[PDB]
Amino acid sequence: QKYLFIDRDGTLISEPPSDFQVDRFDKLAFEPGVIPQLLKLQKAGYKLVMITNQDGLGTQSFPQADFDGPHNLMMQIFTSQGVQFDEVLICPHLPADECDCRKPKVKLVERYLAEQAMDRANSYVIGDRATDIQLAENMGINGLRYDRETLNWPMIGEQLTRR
């Protein structure tokens, strides 16, 4: 079973440069081609897992309800279009917290690291940061660095369905 463990901010949707929080609907913007390309990936046999660091989500620096609105709408869009994430894995912690679950730590994905849980050879972490790539290393799998110009959703869709 091949899995794509996919980052949220800066990968599925744009990352706001001011505070790095999609905490209003006008800061919500899908990355180009993400929907058709995730559809294409699913049709090739990949299951999808969302994995995101959301610094201080739940607290007053990032109120749950400020996150929920655009997140839920993002999820309705995916679901309604046929894109299904098996899980959405979120670390709401601050880096100072030194929590167990903050990417590139593997705690959130521990069940996929069980011994026949996935096909490590053909599974990927897709994300736009070094920490996504480090997560992949920590997981014993491939890391793809999403880039809107140089490794984008159409390129990814093509590359991962190559035979």
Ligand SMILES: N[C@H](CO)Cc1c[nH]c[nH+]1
Contents of the next structure:
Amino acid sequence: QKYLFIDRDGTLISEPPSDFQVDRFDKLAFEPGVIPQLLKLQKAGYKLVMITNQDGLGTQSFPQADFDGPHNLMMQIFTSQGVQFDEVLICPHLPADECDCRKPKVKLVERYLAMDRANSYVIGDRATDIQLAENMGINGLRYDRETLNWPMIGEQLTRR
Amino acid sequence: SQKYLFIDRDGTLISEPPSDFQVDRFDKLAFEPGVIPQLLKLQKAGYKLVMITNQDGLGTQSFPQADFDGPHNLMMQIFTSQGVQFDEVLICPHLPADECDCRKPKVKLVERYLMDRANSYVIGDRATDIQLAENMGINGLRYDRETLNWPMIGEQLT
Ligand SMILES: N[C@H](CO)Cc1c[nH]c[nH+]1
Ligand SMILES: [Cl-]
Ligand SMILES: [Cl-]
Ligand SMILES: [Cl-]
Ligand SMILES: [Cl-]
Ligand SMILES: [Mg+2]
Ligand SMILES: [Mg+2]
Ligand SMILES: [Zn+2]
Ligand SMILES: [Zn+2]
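Previous: the form deposited without L-histidinol (HSO); requested now: the form deposited with L-histidinol (HSO) bound:
Below, the chain from earlier opens the complete complex, with every other chain and molecule after it.
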């Protein structure tokens, strides 16, 4: 079973450059082509898993209610359009917490470590996503809106 | 002559709030099933898209422009980022009691188009959308999430 482990902020949707928190609806923006390209990937047999660090989620620095509006709308778009994430895995911790689950640690995905490692990938926009791939023993794809975008990924991962 | 789809917004592209028929909060925004992939399919088949919507009392106390703008502009972001493009977004802001010239199924908003009529459609969830189609002299599709939905329309028209 081929899996795609996909980052949220800066990958599925844009990441706010001020505080890196999608905590208002006016900070929610989808990356280009993510919907048709995830549908394409699913049709080729990939299952999808979302994996994301959300520093301080559920605390006064990033209230659960502030995260929920934009996140739930994002998920309603995916689901209604036919994009299904098997799991949405979140680390809510601060870096200083030194938790077991903050990417690039693999705790959140331990159950997948089970899958076809040769044909599974982490997709994310940061060095930490690529390091997660290395820690998982799978391939890493560094999302970039210009140099490795959703259409390119959809093509690359369905090449035969 | 261009094939057009004239598509209603509320209850057709996005869910219609059952409470009060106004998408006036972000938390009332929800996309209809399959609308994105199907509109992309329809665009690839050569249809151009025009949105047309009655927004009762838009820009007054019971529906401020600012309340409409947030959810609408976000809906537009989502469609545009995913490759769905509307040539025009046509809005009637008036109350029914106003008895204006632009309220569907009156044809004012779309006068310019009055187009390959044999292959153009109004798609909407209300009888008035179907009447608009008749007044424009083109085909009408009565969108229903359960019985005549986006995958069905995408299949039929391609
Ligand atoms: N957006 C970052 C990565 O997903 C996590 C974060 C939340 N608050 C501040 N930083
Ligand atoms: Cl910002
Ligand atoms: Cl992250
Ligand atoms: Cl969020
Ligand atoms: Cl209407
Ligand atoms: Mg990221
Ligand atoms: Mg309607
Ligand atoms: Zn953690
Ligand atoms: Zn009017």
